[PDB]
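Have a look below at one chain only, the form solved without the partner chain, in structure tokens format.
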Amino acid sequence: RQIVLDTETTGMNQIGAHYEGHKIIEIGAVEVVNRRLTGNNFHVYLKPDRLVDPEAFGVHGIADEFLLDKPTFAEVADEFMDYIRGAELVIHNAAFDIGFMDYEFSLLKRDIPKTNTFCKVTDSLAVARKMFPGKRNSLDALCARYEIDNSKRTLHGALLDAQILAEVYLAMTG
């Protein structure tokens, strides 16, 4: 199975570990088998117990109030692991999301191993940069390059972004 994944967070750090002190607020993952979307996805919004930084809010528009009644990462971790285990994770700038995932997994104090020990990790941004050296390779740039619709992406969304990346990646490898 190939799982195309994306996450939205409360923000990120420009110095040191990018995830330190921040939290995942949305996880969006799409399943692809034999180069075909199966339709069986994973999508959750999470309660961070901290505020979303202004910069981050300017990107996804997810309000603090909307997350108050959501599950915590700890409450979705088991099913999340059951969903991704053994698959090839396809993520645009993989180190970003994997960093947050391993960070959140570590806070659970359950001795959960690193994601890349039970999942194969493919950085689709590295793949794109290799195929299109010297060109723009943001997800939006790739959407234009492969004629994928991102008109509903004024504000980024984890599932929205994962779905778009799935289409882009299938075309890139098609």
Contents of the next structure:
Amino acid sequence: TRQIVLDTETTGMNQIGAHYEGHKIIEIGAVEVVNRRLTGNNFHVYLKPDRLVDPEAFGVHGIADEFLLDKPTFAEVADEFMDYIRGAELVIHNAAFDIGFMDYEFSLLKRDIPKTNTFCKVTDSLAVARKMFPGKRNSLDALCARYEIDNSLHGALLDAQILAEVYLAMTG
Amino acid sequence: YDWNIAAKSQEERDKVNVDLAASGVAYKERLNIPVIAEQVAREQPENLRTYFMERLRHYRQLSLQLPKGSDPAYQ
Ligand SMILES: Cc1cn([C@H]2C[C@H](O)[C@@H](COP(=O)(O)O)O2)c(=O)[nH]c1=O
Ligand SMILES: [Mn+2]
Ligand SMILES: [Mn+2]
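Can I get the form deposited with the partner chain bound as well, since the one above is the form solved without the partner chain?
Okay, now the whole complex, with that chain kicking things off.
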């Protein structure tokens, strides 16, 4: 088997209701792990949304609308993206967020693509962290502080690499 | 063919990051978010500052195709 530690950046999210509705993925970052080792077979893409980035979202990832204009759309990278993760165990911090966004984008392609959970094992590192450290703060930053990992703007690929180190530490 | 950025040249990937910073400055100027452009250029690898300045000019032009911070879109 193989594990893909993944993260995404978006145009934002809804405080109420379906968190992804009307928003878009603008960055996908993922790093492969096999036998607890970073293989180097990574995936990274920026995507052109059909809308503006919420200022708040920009506050988190620093990905500008100007930067996304010449980038491919989700439809254009869809298959290359699926080929890459298919069959692997996806490790995502608060998996519900990204999986919801991923399935949302796939559904927009109108290709009857099945739910990500049907062709990938989905592991929620936030759930793993909560079982491991109940009653504690388990955000990615808190976990980094816990494991004394130094990381002196967020990014999908960056957040994936960081989550990979954190997850390895958590499961070591 | 392949869009995967991770599969590209280190130089190419380095360029993408400078682009991210450059476009970021233009973005802030458009949304009226304080930013000191000169400080950011400094933060970039010396052998790429020339690239940063050109990309900054480039992205500032693209900014004109987008709404200003004072426009309805951001109301
Ligand atoms: C932390 C945070 C994330 N987001 C959205 C935009 C981010 O690109 C996306 C993923 O965040 P994350 O990688 O920290 O989980 O969630 C917000 O809209 N507001 C926030 O305060
Ligand atoms: Mn995330
Ligand atoms: Mn992130």
